[PDB]
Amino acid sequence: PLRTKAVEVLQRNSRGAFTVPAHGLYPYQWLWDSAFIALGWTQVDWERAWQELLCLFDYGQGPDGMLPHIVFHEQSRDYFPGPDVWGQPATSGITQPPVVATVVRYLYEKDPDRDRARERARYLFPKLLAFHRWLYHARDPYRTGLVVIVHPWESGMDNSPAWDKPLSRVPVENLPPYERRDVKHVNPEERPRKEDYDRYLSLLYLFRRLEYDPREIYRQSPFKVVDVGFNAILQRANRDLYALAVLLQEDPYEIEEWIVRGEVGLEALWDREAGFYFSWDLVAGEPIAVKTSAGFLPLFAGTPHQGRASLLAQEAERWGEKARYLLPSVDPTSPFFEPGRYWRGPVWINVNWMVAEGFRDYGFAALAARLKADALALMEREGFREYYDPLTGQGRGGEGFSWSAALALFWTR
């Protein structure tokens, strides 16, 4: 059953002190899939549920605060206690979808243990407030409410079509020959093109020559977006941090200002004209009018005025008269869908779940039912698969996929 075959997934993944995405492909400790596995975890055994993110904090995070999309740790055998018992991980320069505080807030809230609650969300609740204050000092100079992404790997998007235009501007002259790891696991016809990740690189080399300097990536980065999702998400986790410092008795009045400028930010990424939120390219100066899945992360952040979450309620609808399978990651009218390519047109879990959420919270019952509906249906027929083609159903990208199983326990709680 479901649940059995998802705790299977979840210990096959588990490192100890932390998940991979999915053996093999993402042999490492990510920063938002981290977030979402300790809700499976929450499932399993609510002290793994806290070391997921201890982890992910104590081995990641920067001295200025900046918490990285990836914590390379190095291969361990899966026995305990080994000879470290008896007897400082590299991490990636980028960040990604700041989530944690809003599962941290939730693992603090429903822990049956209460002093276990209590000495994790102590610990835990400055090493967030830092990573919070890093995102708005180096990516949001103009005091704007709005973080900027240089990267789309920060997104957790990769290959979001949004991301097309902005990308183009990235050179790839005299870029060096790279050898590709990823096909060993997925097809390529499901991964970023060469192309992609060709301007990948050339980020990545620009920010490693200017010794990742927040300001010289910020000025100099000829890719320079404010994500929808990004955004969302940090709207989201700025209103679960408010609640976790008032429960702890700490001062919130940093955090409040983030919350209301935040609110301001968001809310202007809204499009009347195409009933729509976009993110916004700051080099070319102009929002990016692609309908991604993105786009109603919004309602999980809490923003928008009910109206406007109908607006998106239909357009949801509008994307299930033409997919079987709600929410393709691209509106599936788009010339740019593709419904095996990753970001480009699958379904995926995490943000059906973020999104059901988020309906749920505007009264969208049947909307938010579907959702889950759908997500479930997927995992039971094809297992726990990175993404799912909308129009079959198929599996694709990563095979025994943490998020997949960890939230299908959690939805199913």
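Only the largest set of C-alpha atoms that superpose within 1.5 Å between the two forms is called the rigid core. Residue numbers count along the first chain shown, from 1. Compared with the form deposited in another entry:
Superposing the rigid core between these two forms leaves a single residue from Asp78, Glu109, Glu257, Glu189 with a C-alpha shift of at least 2 Å: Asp78.
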Contents of the next structure:
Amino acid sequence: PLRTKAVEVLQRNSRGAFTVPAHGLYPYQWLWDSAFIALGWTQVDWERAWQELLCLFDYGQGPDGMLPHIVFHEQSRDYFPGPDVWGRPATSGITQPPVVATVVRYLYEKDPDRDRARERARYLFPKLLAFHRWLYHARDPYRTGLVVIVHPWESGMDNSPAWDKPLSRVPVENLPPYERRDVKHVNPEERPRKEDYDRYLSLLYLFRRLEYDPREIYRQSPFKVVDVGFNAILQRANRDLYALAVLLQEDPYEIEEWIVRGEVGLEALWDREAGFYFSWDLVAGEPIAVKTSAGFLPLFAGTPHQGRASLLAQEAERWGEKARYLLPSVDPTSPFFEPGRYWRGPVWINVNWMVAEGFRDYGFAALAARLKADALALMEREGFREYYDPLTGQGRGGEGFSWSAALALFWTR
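Return the structure block for the form deposited in another entry; the form deposited in one PDB entry was the one displayed.
Since only the chain itself is given, any partners or molecules it might have are not part of what comes next.
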């Protein structure tokens, strides 16, 4: 069965304390990967579910509260750019979508061992708070309620067509020669193009040059975007961090403030002409008019009224008229639609789960059930892959992909 197979991927990809996203392709600990993977471990061993998160904070979190996107636990030649490019166990210098508090809330509420639950939640609570504080300190200096990402890897959706025009401004002059390693594990046509990677590395070198100084990175990055996905996830995490606080009887401090200001911000990203949520390019000072599946994530946050949810429900159904499987990462009628190339079209299991949870909350039971059925069927037929063709259902990207197996286990719990 699906579940038995799912467990084996998690056990094979386990390195003891953390779980790699994929053998070789992703030989390190990733931030939002580890959060979703923790949910899967709840179906195998709770102790080890918590452990995934403890390892993430204990080895990942810097003194300023920043949680980086990769914790480079063990040497490897299989991944670029590795610790030596970042030049800092070693970690990357950027962050990823802060889905962790949401995952911590579920672990806390549902652990059968209530003494363990409380120990781990009290231990992680202030660390969560420091992470969110770093986000607003580093990425929201005008106190807007929205946070910027300074690198498209921080969205978790690396080559999303929303980032194309923002990335066009990143200078690519006199970059060191590098050899990519991802294309040894995955077909190149399924990964970002070199123009993309040149720009990904140019940003990393600007950041390393500026010594990963939050203030300077913000001032000088040629890439500054209010990602609808990162911010919807953050609004959701804030609401779950608030719940934790009240349940644990901790001082919620300024969490309420984050929530209230975040709600004004997240709903500002709505474009009434297009009937969709867009990420914003702050360098250009404009909305990025590109409908990606991150634009559904405010449903996960719970900020929209029913009428906006309705309009999103209608949009997903339209995408379903072309795509055999929901939910493709970009409008399949988009000129940028590429049904096999990463975040430019393929279906992803984690986004399916989030958007489904979201639609369920707003009463769209049939659509939420379609997203679940599509996810499970894709995984029944092609195993646990990083993403899938929305037209054909063909597995793409990483094989033995940990969060696919984790969410399969979680969603069928």
